[PDB]
Each structure stands twice: as C-alpha cells, then as structure tokens.
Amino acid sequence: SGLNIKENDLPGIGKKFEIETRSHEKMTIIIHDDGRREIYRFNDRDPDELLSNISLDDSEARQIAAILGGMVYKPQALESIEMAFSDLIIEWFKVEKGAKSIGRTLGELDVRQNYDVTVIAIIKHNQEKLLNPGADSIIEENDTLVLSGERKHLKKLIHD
C-alpha cells in the first residue's frame, strides 16, 4: 500500500527518485532541470539488470502523469482522496436534485471565503473539465465539483 521513495540531489543536474512498490518492483525517475525525464525499471531481485527505460520531454511527462494520476479518467469508485504526507483532501461531489447551490455562482456561495474550500475544477454533464473556476461560474444540476481543502471544512460545505 505504501511506497518507499529515496530522493537524492544531482547537483546542477536535477533530482533522482528511487521508488520501490508494494509489489516489490523498482522504478527510478530522473528529473533534469531542462525538463527531460528519464525513467528506469529494474529487476526486483537484481537491480543491476535494467528491464526497460524511457526518455520523455517535459510535455510528454506531464501528459503521462495526468493519465496515471487520474486527471484524465478518474476511477469511478473513488469519491475522495488523501494526499500522502498531507491532510489535504480532494473530493468529487455531484450536485443532486434540489441542492441550494443549483443555479448559483461560486462568488454568491463565497465557497473559499466562507468555507476555506477551493473549487479546483468543474465537470459538466458533457464531461468537459473547467479548470480553476472563478466567481461567475454557475453551479448546475449533475455538475461534479472538484473540491480541495480540510475534511472538517469539506463536510461543512457539503452539509450546507
């Protein structure tokens, strides 16, 4: 369930992350300051044996990271997640029928000001994602809100 990750500075070059999974599999990610990533996969039992490696530019790396991280397709069973080494909880809430928010804006609800919750995205029924909504974003039926904040504050906002 829990990763082991060893990080080391590569002075003037970038950083190195050596990851070991629950499955007993090893991956090393080198991030260069110019944006290039190199990934190496090693034999579990014999880490001197390289299994595969790949180079990626900054754009490629971020696209793959968005897919892997559930930013393109979100696993349907996960309703909330908790960041490692953090209390920050991200929660996906679908506005039901007859919620008081329906038809009202982020500014009118004053979500961040009055609840300390940040709406980081809005998923429409047509499934397009609006990133960083602002005060004038209207909340509608069946829209999914992507909320970031502390659990206490999230419960409060949802309850209201």
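Residue numbers count along the first chain shown, from 1. What changes on going to the form deposited in another entry:
Rigid-part membership between the two forms: residue 13 and residue 66 are grouped together, as judged by which of the two superpositions better fits each C-alpha. The chain behaves as two rigid parts between the two forms, and the smaller of them turns through 171 degrees against the larger.
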Given for the second form:
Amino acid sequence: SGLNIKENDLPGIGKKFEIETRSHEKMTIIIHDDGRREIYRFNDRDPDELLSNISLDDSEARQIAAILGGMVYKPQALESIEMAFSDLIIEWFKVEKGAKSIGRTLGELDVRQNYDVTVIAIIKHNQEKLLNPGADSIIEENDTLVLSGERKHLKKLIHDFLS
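Based on the form deposited in one PDB entry presented above, generate the structure block for the form deposited in another entry.
Only one chain is given; partner chains and other molecules are left out.
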C-alpha cells in the first residue's frame, strides 16, 4: 500500500516515526516524552544526508498540525465523498442471521435497479477480498458488504434483505 510509516519506541526517549510518502520522500518524526517534536528531512536518494532538522514543543507542533491538517484552512475542492457528495453514505454491513438475501446473487436481486444501492466490495466469511462484485456474485451469511447510497435507500435495503 501507499504512505509507509514505521513506528519504533525508543526506550526512555519516546516514539520514532520513519515516514516515506507516495512521492518517495523520506522524513523522520520524533516524539519525546516531554512532548517535544523533532522533524528530520533526508535526501530522496540518500538517507544519510540530512537536509533539515527542526525542534518544536507540544503547543508549537499542534499549531502546525492544525494548519497541515486542514483545520485552520479546509481545502475547498477535495475529492472525497464527504466534501463533494453531501448526501452520499457508505456503510459496511454484515448479512445477519434471518436475512432474505442469503443465497441469491446481485443479478438475481437488481439492488442498484430496485434500491439505488451500489455494492463496491465484499468481505466474505473466509476473508476473501472481493474487488468489484458482479451480477454473478453469491451472497452468503456473515459476508460484509461495502454499500453506497442514500440514508433512506440504505435503510430500505437493510430493512428488507440485509437484516
């Protein structure tokens, strides 16, 4: 996966965070017990070469975090559901005991056609990651469904086949 972050506990000192971004840029963060934050910027091709170091206290680290975390200025046009589609909701629902969908596939239910709920991915009982479920995907008990739709439409599907 992306954004590798290694966390080591330095005994008597604090926590060390070795970070490598998606842009293959190195960066190390130290968090001392007293709350001090230390940041190290290393070369992209040479981990030995230190390009920058900075020491901050807890209060200072927060004021920078609040800026970097979009809490002082929220990025307007984010490409997330919460930012773009206000009324869109994703729910991770498990097929309960007395359900009426246990057995039949998605092409045999027409959920997107009937409930306006689109299934994105499925975690079945044997933890087999199902990337993009199709019309010929069987639905067993204890399977986890990653759904997409409106609050009203999701509850309708839950009330019927899911729960």
